[PDB]
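Asks: Given next are the chains, with one letter for each unit.
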Amino acid sequence: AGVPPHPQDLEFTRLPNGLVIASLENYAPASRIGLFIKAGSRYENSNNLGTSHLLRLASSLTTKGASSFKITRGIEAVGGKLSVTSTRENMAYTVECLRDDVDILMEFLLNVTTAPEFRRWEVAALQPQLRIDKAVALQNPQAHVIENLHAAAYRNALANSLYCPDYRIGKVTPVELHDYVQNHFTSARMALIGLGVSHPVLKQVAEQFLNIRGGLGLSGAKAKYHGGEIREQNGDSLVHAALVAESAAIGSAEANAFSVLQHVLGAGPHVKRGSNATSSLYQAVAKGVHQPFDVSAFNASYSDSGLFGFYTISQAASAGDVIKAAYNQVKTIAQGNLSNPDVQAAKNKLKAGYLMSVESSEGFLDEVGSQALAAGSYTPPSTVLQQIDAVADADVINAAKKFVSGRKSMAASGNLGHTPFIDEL
Amino acid sequence: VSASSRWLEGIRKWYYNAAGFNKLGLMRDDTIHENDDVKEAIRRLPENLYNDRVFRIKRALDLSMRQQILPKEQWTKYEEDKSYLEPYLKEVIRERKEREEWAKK
Amino acid sequence: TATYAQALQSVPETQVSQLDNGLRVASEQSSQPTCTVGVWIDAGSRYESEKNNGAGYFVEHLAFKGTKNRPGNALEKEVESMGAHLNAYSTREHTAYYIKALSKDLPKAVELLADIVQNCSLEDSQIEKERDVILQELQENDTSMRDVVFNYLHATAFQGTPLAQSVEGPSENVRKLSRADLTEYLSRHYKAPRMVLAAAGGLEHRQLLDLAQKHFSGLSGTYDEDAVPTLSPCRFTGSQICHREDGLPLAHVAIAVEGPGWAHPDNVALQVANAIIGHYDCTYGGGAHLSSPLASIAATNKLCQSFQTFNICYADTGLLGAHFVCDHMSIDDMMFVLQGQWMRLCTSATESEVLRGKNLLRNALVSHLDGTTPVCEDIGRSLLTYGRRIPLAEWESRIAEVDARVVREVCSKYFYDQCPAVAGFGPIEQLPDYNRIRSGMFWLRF
Amino acid sequence: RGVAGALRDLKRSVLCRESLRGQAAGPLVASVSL
Amino acid sequence: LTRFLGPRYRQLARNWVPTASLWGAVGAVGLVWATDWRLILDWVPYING
Amino acid sequence: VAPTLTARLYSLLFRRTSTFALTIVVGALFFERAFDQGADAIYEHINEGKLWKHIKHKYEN
Amino acid sequence: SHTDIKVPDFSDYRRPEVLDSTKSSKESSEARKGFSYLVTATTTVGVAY
Ligand SMILES: CCCCCCCCCCCCCC(=O)OC[C@H](COP(=O)(O)OCC[N+](C)(C)C)OC(=O)CCCCCCCCCCCCC
Ligand SMILES: CCCCCC(=O)OC[C@H](COP(=O)([O-])OCCN)OC(=O)CCCCC
Ligand SMILES: CCCCCC(=O)OC[C@H](COP(=O)([O-])OCCN)OC(=O)CCCCC
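Heads up: the sequence lines are chains B, F, A, I, K, J and E, in that order. Residues 15 to 439, numbered by the entry's author numbering, are exactly what the first sequence covers, in order. Residues 6 to 110, numbered by the entry's author numbering, are exactly what the second sequence covers, in order. Residues 1 to 446, numbered by the entry's author numbering, are exactly what the third sequence covers, in order. Residues 20 to 27, 44 to 61, 63 to 70, numbered by the entry's author numbering, are exactly what the fourth sequence covers, in order. Residues 2 to 50, numbered by the entry's author numbering, are exactly what the fifth sequence covers, in order. Residues 1 to 61, numbered by the entry's author numbering, are exactly what the sixth sequence covers, in order. Residues 1 to 49, numbered by the entry's author numbering, are exactly what the seventh sequence covers, in order.
Since the hints were made in silico from the structure, they are not lab data. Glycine is no exception: its CB is placed at the ideal position from the N, C-alpha and C atoms. Treat the hints with care, as some may be off.
Negatives, chain J to chain E, calculated, CB over 10 Å [claimed, not checked]: (1) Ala-2; (2) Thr-4; (3) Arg-8; (4) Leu-9; (5) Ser-11; (6) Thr-23; (7) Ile-24; (8) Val-25; (9) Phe-35; (10) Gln-37; (11) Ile-42; (12) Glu-44; (13) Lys-53; (14) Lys-56; (15) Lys-58.
Beyond 10 Å from chain J on every Cβ pair, some chain E residues (computed) [as the list claims (entries may be wrong)]: (16) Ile-5; (17) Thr-22; (18) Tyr-37; (19) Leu-38.
So, partial list: chain A residues that the calculated Cβ filter (under 10 Å) puts toward chain K [unchecked claim]: (20) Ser-31; (21) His-243; (22) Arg-244; (23) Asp-246; (24) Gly-247; (25) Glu-351; (26) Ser-352; (27) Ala-404; (28) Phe-442; (29) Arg-445.
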């Protein structure tokens, strides 16, 4: 019988300095460790914009315990990996390797995050990588729109871009990197997660090397939702557009209602080259639009705010038709036209999607690290499905009501000669 | 530790004045031979130290053209000679030796 | 504590069973709420003739469009309603249809897969609508220089053979493929001993076998009298194809020698050597300090935007080599450094770098089989190529056998003084002449 | 390799309606590595 | 110039000693042949003429 | 001799450049002895009476 | 549309061994190289003499 052993359940610890440790021994051949930090681009201000982007690119620069040459060769010697993933709220320093080399890569991880030197010449040589890295990301039109959508939505913090403003390329200083690490990479802002690691080891590492004090308080300044529109005329073949309203902070019950509304409206495709029969946005637009297009509900939740809406791609001349058809479909939901089989199928898509998002070690580690910083706890899957089941249909209708009546934020790129402004919707 | 130390330092100060690069306003690190380790260290110098190094060498070459020296007041005093380049060069050498030790295994 | 070696023993054994009709049923049980299950078919464009070269890809466009039991989007609604995901792909040798769904939905997921692979209703109205879709996809694929240059490499390397054909087929075939061509393709290739019902996730192998006898017993396991397809060996040809197009901003180059195939033990040592050469992207953080000489030289001197090594396996043949993308004044230097590393590994491979390649492959193997869907693919595809699931403990044994001598011997066998196949696309005026490339495959000093 | 995920050299062209599905964004993430 | 003393460099020398031995045979035979070195060629069987 | 003759010459002698050069220098050695031997035997057969080494027997001393 | 490209037939140029699409070129890989490199080695021998 190839029945597997009994799976060990995760262990979790909050140290009195605010640091969070969470380990899971899955006895896998590989180990994964990640240091999640409340250091995303929201914590930049108008004087040091882009500092967290350059910081994201500087994980292999020289540290006090490891030269730049050694970090690259030591990790590659044991076939390991070092990555830095960054959202508007978090930075996630993750390291992967086989079980027997965790000591090696933990030491590199601690040096990168707790003892970088930011040598003036090494930083100078890295500045052009901001332009390369930004250019590679921004050849997806989706990256432009979402970055402009946040700049238009918020007055500060969440308005900040994941990528360095062009005027700052070459201008980010080693002092700014030092200052950014010193007041954001602190114990009360950190979470040390490890898969294929023992809890005593992580707890030992955390107490020995991650007892960093000083710095700043949690979450910095609050994100002030504004509303507005940013329009980028570039004559692309297709018009990309996003229309949203403020929705709900992550961790609140109202956020689950928005998540369920997302899968009622239609989040993404489930069948290859399918017509998206159960996608209410796609069928609404498909009625009076026969040209090619795409439409999808957009859901972004943060510590102190959120954005909900939809994202459209269409021909430049059909942009207004696609947008107005999509917006009206949400209005009918706000008007109470929502069946119970619709919400139950959406819960199935949502519940199934969550479980599928944590079957890999990479996706599991990111979820546990995200929960540790957002919620300060670990919520197992069964409890998450419980919270999803608790969403009532009236909660979903109310979220749709909040979107229709809320002050809108919009971003669009392309030939915008037929893309409406907000006041034309 | 004055007795034996000051005699050694006394012979070093003798040699320093005998070398005579101070007579052109130069410092010791201005006279080092530029190999690959030294070009990198010079590259790593901050703006002010680089610009100071450039003008002192330019002033010395101008003197060498004219077969002149500075007045004695403007000679580089042995006690005031700053080894501004040595710490950068030491790191550059330490980095190269690390590469070489990795190239052996 | 637990070691790396001990962790390899903890991997569950992949159970295997075969139905009476010949359908092979394989599964690796985990402790997961989700699973991936699908059918891997030993069919692809290498089995297709010049007439019907686009049929299997055409069938992929029709597999999810309706069946005799669930016509129209009825299948599409059942998958979406239970939150599951339905997907498929076709290569030159293998076709796959698989579903990602909750473990509780495994009985329905298996039922749908059986309905798709047996009772696909290829309605004429749907065939004509998927005609224009495929043609539009051909226009899109023309804009991907990576997909183009790799089809060019196959076109010249295996010229005159079935492997020279593309998976999607030519433009002309898609406008005259009839329903009879597609049904003849299906009824001739979708036989039970060439299909593998693979699954992975939270599920007992018993229930998968029950669902197999329940929904796949109604399948023809009796081949035709003498219409059993047999793959002929495909002649490799040292040759070159150069699509000069200076209007494009970067050159794409693919070069390769003939590999041995899926079941050859030498693939392990070849993959170690490719790991030593590795890959590069202009967004990597290592740059000058990267271990691979090709990668560090390319980063420091800006010789390319990216390169990748590959070992593409087929039945008794394959493409072993690399591909890169660079400015028009850098093609010659990239070719020079690339070939220099091939010759260096043939003649002067050291022990420490080989331990590097072994370690990279160990991490690449373990990190890839991380999730229900990659494991389900490794189950289905391995049973077609190897006829069995090769446990990770066996791969570790083959990797550990590799030392510097093995890499020098294995690489010389396939690289040294061999005729490569070259494929060039873009601003390729500086692409070296074939004789000069061929001369780069040996060293006068050796 | 550098990543930009938001869904929850001339790149290529998207022409038909089948190849557009999945492209509409659905909270950006940026990832860098070695 | 001590940096060339290491395990990798002695594995590299071991890979190239068969080749350098053979290039010595090429030069030795080439020198004997080009100069008609009677001291060595008297021992070769058929060459004796 | 089931493998091709040219095939066995390549695997043994021509694959490496070092042995490819050794076969040439050793070939020029044995080629020089046989070529001069056969060439001189042809020049002498056409001129059998005429040469001095064909008349050296008359002048014993 | 780039899939409409096929490499033309070289059958009236190929060597005898490599004309069969259903036969591996590895079979005659050994002999073909030796024939061409034999011609080179003979040329050097003649130049050498
Ligand atoms: C103390 C005295 C020492 C002397 C000892 C005698 C040394 C004899 C030479 C030995 C070196 C032979 C090495 C060699 O052949 O490589 C150079 C090229 C390449 O040959 P190739 O067959 O093209 O490719 C070699 C690949 N391999 C090794 C894997 C089979 O092969 C060639 O191209 C050589 C043949 C070309 C001859 C024409 C060049 C000579 C100058 C032209 C003179 C005639 C016109 C005036
Ligand atoms: C004493 C001889 C020194 C070596 C000179 C020599 O052989 O030149 C190299 C080329 C053949 O090597 P390649 O062009 O295949 O490049 C192989 C690289 N891997 O040979 C030629 O055809 C050049 C003609 C030289 C005649 C003087
Ligand atoms: C460097 C230039 C060398 C040229 C010397 C020379 O004239 O060679 C003549 C001898 C003749 O061989 P031998 O058996 O009569 O011996 C007669 C002894 N005098 O051949 C040799 O001995 C060649 C030796 C090569 C050594 C580098």
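Asks: Hint check: is the beta carbon of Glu-351 (chain A) less than 10 Å from a beta carbon of chain K?
Replies: 6 Å, holds
Asks: Please settle this one: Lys-58 (chain J) was flagged as non-interface, so is its CB more than 10 Å from every CB on chain E?
Replies: About 35 Å separates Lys-58 (chain J) from the closest Cβ of chain E, which puts it past 10 Å; holds.
Asks: Just want to verify: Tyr-37 (chain E) was marked as not at the interface with chain J; is every Cβ pair farther apart than 10 Å?
Replies: 4 Å, violated
Asks: Verify this label for me: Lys-53 (chain J) is non-interface relative to chain E, using a Cβ-Cβ cutoff of 10 Å.
Replies: Label holds. Min Cβ-Cβ 24 Å, cutoff 10 Å.
Asks: When you look at the beta carbon of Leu-9 (chain J), is every beta carbon of chain E farther off than 10 Å?
Replies: 5 Å, violated
Asks: Do the numbers back the hint for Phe-442 (chain A), that is, is its least Cβ distance to chain K under 10 Å?
Replies: For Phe-442 (chain A), the interface hint is violated, since the closest Cβ of chain K sits about 13 Å away, which is over 10 Å.
Asks: Holds or violated: is the Cβ of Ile-5 (chain E) farther than 10 Å from all Cβ atoms of chain J?
Replies: 34 Å, holds
Asks: Over 10 Å to the closest beta carbon of chain J is the bar; see if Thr-22 (chain E) clears it.
Replies: Given that every Cβ of chain J is farther than 10 Å from that of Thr-22 (chain E), nearest at about 20 Å, it holds.
Asks: According to the definition I'm using, a residue is off the interface if its beta carbon is farther than 10 Å from all beta carbons of the partner; does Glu-44 (chain J) meet that for chain E?
Replies: 20 Å, holds
Asks: Would you settle whether the hint for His-243 (chain A) is holds or violated, based on the nearest Cβ-Cβ distance to chain K being less than 10 Å?
Replies: 40 Å, violated
Asks: Going by Cβ atoms, does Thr-23 (chain J) stay more than 10 Å from chain E at every point?
Replies: 6 Å, violated
Asks: Please confirm whether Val-25 (chain J) is truly not at the interface, meaning its C-beta sits more than 10 Å away from all C-beta atoms of chain E.
Replies: Contrary to the label, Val-25 (chain J) does not stay out of reach of chain E, its closest Cβ about 7 Å off (not over 10 Å).
The structure fails hints 2, 3, 4, 5, 6, 7, 8, 9, 18, 19, 20, 21, 22, 23, 24, 28 (numbered hints given earlier, in ascending order).
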